[PDB]
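One structure coming up, written as structure tokens, with questions to follow.
A single protein chain has been omitted from the complex, and every remaining protein chain is retained in its original position.
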Amino acid sequence: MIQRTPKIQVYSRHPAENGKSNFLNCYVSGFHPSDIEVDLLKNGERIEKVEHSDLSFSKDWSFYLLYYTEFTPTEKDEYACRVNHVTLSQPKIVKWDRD
Amino acid sequence: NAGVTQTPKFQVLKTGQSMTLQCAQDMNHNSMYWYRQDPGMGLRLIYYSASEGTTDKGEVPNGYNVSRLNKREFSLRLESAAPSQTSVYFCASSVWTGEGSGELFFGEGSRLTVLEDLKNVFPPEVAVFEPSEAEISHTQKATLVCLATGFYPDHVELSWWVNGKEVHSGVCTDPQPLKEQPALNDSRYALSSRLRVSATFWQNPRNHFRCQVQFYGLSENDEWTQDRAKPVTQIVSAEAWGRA
Amino acid sequence: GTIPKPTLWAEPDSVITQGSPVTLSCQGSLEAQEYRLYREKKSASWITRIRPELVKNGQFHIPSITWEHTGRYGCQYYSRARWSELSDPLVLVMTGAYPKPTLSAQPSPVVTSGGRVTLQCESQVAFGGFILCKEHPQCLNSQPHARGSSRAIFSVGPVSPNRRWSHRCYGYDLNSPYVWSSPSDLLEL
Amino acid sequence: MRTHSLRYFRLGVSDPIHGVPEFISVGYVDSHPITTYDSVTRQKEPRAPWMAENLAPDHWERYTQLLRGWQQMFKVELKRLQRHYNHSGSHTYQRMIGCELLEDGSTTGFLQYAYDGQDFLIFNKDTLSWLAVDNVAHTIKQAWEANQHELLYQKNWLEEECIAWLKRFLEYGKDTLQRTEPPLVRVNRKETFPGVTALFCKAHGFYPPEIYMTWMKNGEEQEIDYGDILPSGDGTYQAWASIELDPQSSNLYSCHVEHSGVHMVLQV
Partner (left out) sequence: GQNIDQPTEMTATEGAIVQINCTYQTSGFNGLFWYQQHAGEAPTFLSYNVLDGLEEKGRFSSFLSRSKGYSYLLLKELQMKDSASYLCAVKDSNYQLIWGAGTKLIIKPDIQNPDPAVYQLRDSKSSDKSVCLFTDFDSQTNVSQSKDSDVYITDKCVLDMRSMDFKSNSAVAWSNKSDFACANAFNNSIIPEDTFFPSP
């Protein structure tokens, strides 16, 4: 068979201004097979208010998802995305680089 | 493969009665259909079963029910018959309902006739007419004519028999019967058939000719309560020997 | 050669298994007062988190290496009213991120004296590239394929019977070139 | 009018972990999901508001019945494939059909299958043939090509029926599909490394997501670092492209952005 490791990109909907409301996006794409586990993290702890899109397909047979939640960025808060897949030995965490 | 077999071939019901039509195919098809055929219009779908675990209504589902018992069997049911449900019901099966180029495979068909009162059911009267000497002398051929008259409904099968075996050569039977009283809506029917053989074959007193019609009427279970004999599924025959 | 160029080394090694510790050491003169650590192409958020007392003597410790720590590193130190030139770049690599691939010789595992051989590194995961190391070690990368590949072939030079030829292979993603899979089983010839 | 596409996917998973459906099928107009169906709901329902408003309950009842059989079909084909491969456990079976209405009025059509994430069978509606990847695929190819009327039906659906659905769905949601929101492009610079300056061309708030942004020194095109076209979550998309500045070079760089037939140049 073939297996493709997920590409995880963490970013904000709008340019982040501290105190101004925004949305935190985690876009997991290009992975195969379809079973996957995605979580958004605020200072290492899981965010439960996270809502995601439905599983989507590509011409190359890979899958992609978009996990997102609303937040207000501060200089003290650190946000990240945690994804687990069969291709990953351990779960993978991608911190949100604000700049 | 046996194709698609449906039962019963013929059926007559009173208006209040209920009855179930059976259908099964051994072609390992996944789609099953129930059509009804009526004069002057295309086939109308009653119900269909796109797969083994799902059914859905067709174009004319009022008064009908179905149950896809398994992948192999589809059954059509009427809990309260109606004169409007007097029709010819066909069962079809396709390999898959989704695939576009797939064709249908039909069953033999079931003829239903629903009456308000079963008193209009009559078995046919059969009579054979021997060939005319003018035809034998003019054509050197002999044409026997058989007349099945006075039956209702139109559930008859006329066959010709010569010396025990059934014959098909030299046979012509009317594709549809005639209403004996065309004005009435409950008119009884009359069918005709003819069997032609050579002059030598008819003039042999050894050859036996029998005209046989197969009438499909009531069942032995049906209540009758009438003076005349119960008009059950039966065979009425009439015969004639060769004549020199 | 103007100011003394500093050194940038990783202890115990610059190739660390995921979750294991590593320490980056920038060494200037004995006059050296303060240091700076940079990662190439993207600023590292963990250099700011390091205590200033530990920045003195140029020590940047990592308790458990992760994806964020990998990359090229360079440093410089401040002494006598000037910042030094950047040190030679240090490549920090993390392994054990994906399941180990399989290493094998396509013709045969036995190689005649003086002849070459080809090695196949195979993986269920489509990797953007493959690496083959001989066991201080030097590794050669394979042709990167953005579409991904399950296999890769390497021509091993003429083996000498006096020494031994031992090789392992890793697979990596093109978006995480300094993050490798678990090492394949050590294959000998 | 630009290029538009219609797509239908099918995902079959044998021995799925509890919670994952055995069968999933989603339709797409361009990048917008329009329909959905799985083995858990056993119902086909719209995924876009302009799809529910224009399609009567007749449409959804008819295709709920159709996909229930297609779900059954997909199960036996995957079971058949694992039988041929002598495979046990969980494996995936995929299928994608669809068409495109190009900008110049031209049309395209495709029909492909996948097993465990690899190309398995690709349909060629011109030569009326299936491209087989290996011997077991070739066994399926010969069986499918024996039914010549099926290949014709698929050719007609790809070239005629699919395009008919595509134009019909485009009109249903032309306010969403045929709209245009131009990008907001800004060029900034930061010193990532000592003695290294980088120019960043960032675009956001644009729809459709199709966009191409390159850097160009003088009149020529070094290597350009590109960013992916990511969904922002509000219906628009964002992307970027960066380069590494040569400080001693007296050259001038400029970011070029093209979107919905509009070329844009940002000199520096």
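Per-chain residue numbering starts at 1, and chain names A, B, C and D are given in the order in which the chains are listed.
The rule we apply is simple: contacts are C-beta pairs under 8 Å (C-beta built on N, C-alpha and C of every residue); 3 or more make two chains touch, one makes a residue touch a chain.
Screening B:52, B:73 or B:135 against the full complex identifies B:135 as the residue touching the chain left out. The hidden chain makes contact, of the residues B:69, B:95 or B:104, with B:104.
Screening D:66, D:201 or D:239 for touch with the missing chain picks out D:66. Although one chain is not drawn, the whole complex shows that of D:133, D:152 or D:196 it is D:152 that touches it. Not every partner is drawn; the one left out touches chain B at residues 40-45, 90, 97-98, 100-101, 103-109, 125, 127-132, 134-135, 138-139, 141, 143-145, 147, 149, 169-175, 178, 180, 190, 192, 194-198, 238, 240. Taking the whole complex into account, chain D touches the unshown chain at residues 59, 62-63, 66, 149, 152-153, 155-157, 160-161, 164-165.
One rule holds in what follows: only the chains that are shown with their structure count from here on.
Interface comparison, A-C against C-D: more C-beta pairs in contact at A-C.
Mean C-alpha positions place chain A and chain B at a centre distance of 70 Å.
Centre-to-centre separation of chain C and chain D, using mean CA positions: 37 Å. Between chain B and chain D, the centres computed from C-alpha atoms are 57 Å apart.
Multi-chain contact residues of chain B, defined as those touching 2 or more other chains: none present.
Of all residues in chain D, those touching chain A in their complex are 9, 11, 13, 17, 20, 24, 26, 33, 36, 47, 90-92, 94, 96, 114, 116-119, 190, 204, 228, 230-234, 238.
Looking at the complex, you find that chain D touches chain B at residues 61, 65-66, 68-73, 147, 149-150, 152-154, 157.
Note for the complex: chain C touches chain D at residues 38, 40-43, 74, 76, 86.
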